[PDB]
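Here we start with a single chain on its own, the form solved without S-adenosylmethionine (SAM), put down as C-alpha cells.
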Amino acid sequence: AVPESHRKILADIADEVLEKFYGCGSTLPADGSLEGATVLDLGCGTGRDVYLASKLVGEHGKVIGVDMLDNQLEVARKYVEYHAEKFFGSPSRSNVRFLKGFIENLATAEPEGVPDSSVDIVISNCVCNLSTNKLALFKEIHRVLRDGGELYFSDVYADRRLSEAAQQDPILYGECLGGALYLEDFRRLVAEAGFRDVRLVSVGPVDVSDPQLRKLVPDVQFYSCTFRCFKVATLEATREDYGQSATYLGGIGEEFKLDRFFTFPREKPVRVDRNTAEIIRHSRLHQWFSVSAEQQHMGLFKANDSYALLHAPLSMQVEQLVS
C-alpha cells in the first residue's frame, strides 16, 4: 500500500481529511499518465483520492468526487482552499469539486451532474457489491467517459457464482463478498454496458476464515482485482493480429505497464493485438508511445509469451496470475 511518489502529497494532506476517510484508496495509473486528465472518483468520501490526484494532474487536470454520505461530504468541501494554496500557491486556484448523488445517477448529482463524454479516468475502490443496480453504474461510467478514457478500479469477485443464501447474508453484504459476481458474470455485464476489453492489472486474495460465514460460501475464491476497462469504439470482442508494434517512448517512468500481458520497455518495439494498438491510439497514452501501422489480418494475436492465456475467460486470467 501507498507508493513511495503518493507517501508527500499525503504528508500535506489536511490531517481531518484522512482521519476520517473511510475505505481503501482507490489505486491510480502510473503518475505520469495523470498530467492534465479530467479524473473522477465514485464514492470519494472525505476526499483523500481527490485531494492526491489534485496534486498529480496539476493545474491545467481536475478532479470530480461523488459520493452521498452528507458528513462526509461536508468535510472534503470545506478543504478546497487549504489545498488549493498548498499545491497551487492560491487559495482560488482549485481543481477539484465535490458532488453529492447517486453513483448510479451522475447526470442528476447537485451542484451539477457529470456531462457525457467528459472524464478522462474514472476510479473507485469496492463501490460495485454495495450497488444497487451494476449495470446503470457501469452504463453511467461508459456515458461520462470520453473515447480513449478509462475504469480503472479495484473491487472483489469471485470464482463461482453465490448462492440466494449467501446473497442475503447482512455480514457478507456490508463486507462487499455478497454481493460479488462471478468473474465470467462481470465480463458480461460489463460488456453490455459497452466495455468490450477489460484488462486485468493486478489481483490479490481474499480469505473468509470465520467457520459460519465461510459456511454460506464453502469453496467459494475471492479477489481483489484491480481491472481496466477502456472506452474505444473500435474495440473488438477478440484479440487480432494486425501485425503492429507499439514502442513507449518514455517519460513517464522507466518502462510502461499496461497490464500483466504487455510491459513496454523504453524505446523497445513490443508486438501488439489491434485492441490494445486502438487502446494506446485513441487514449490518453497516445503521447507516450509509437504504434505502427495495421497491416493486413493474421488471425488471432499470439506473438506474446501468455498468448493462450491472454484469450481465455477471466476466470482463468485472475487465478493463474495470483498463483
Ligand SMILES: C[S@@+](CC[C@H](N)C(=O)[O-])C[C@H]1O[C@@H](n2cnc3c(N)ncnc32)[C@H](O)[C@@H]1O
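Each form is matched to the other, and the largest set of C-alpha atoms that superpose within 1.5 Å is called the rigid core. Residue numbers count along the first chain shown, from 1. Compared with the form deposited with S-adenosylmethionine (SAM) bound:
With the core held fixed by superposition, the comparison between the two forms singles out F87 as the only member of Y182, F87, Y223, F102 whose CA moves by at least 2 angstroms. Once the rigid core is used as the reference frame, the Cα position of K20 differs between the two forms by 2 Å or more. With the core held fixed between the two forms, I9 has its Cα displaced by at least 2 Å. The rigid-core alignment places the CA of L162 less than 2 Å apart between the two forms.
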Second form
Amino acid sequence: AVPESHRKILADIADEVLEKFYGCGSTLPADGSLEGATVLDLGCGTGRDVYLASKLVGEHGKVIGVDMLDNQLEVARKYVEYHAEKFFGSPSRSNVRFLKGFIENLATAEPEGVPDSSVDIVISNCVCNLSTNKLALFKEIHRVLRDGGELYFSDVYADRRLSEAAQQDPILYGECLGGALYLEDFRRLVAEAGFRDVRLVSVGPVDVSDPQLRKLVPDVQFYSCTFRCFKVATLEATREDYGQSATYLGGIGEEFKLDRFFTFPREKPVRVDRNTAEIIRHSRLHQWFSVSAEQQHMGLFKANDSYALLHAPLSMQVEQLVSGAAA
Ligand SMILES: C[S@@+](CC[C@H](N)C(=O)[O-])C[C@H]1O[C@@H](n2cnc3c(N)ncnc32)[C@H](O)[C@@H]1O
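For the form deposited with S-adenosylmethionine (SAM) bound instead of the form solved without S-adenosylmethionine (SAM), what are the coordinates?
Entire complex below, previous chain first.
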C-alpha cells in the first residue's frame, strides 16, 4: 500500500486532511491513466483520496467526494481553495466538489445528485464493508459509471462467512470487520450488480489486535484488497481465449501493470483473454494500447504464466497470493 508516485502528492496535502483520514490501502492506480478522468470517492471523509485524485486527474479532470457526515465534509471543504492553489498554482481553479449523501443513493445527494453514466472511475477506501445493503450499493456504482468506466477500490474482506453473532456485534462492525464480505459473496454480489469481471490488484492480511474482538471471529482470516471492476457490456463470467494479444504503447510508464495477472511492457505484445482485450478496448486505456483482432475460439485462456489461478475462484487467487512473508 501507498506507492512512491503518490507519496510526493501526499506530502503536499493539508495536515488536517491527513491526520483525520481512516483508510484501508490505496484506492488509486499508480500509472498516469487518470489525466482528465472524472473520479468519485464514496465515503470520501476528510478528503485525502479526493485531493490525491485531484492532482492525478489534473486540471482537466474532476473529483467529486461523497459522504454522509456534515463534520467530515466540513474539513474536506475547508481545503478546496487551499489545494487548488497547491496543485494548479491558483485557488478557485480546483476540480474538486463535495456532495452530502448516502452512497447507496447518489441520486438524492446534495446539493445535486449523481446522474447515470457520469463517472469514469469510482473509488472508495474501506467504506463498502460498512454498508447495510451491498447489492444496492454495487448497483448504484454500476448505474453512475459510464461504459468503459470502472470501480477501483479498497476494502476489507474475509476468509469465510462470519457467524450470526459476529455480524450483529456493533464494535466489530464499527471496527470495519463485521460488515466485511466473504470474498466469494463479494464476487457473487458484484456480478449480480452488473460486473462479471473482478480484477485483483493488491492484497495483504489484516490482523485482529484486540483479543476480545478476535473471540467473535475465532478462525477467520481477514484481508485488505484492491479490485478493478470495469463496466463494459461485453464482459463474460469466464476468461476466453480468442488468440489475441495487446501491446502497451508507452507514454505513461516503462510498463503498464493491469492486475496481478497482467503486466504489459512497452512494445511487447502480451497475450490476453477476450475479457481483457474488451476492457483495454472500451475503457480509457485504449489510448496507450493496440489490441489484436479476435481469432477462432480456443477455450479457456492459457497464454499466461499463472493461467491456472486466473481461473481459480477469487478466495483462492487471494490465499495463494497471500502465503508469502518471503519479501
Ligand atoms: C472508513 S471511514 C473514512 C474513510 C475515508 N474514505 C477516508 O479515507 O477518509 C468511513 C467514512 O465513510 C463514511 N460513510 C460510511 N457509510 C456511508 C454511507 N452509507 N454513505 C456515505 N458515507 C458513508 C463515513 O462518514 C466516513 O467518512
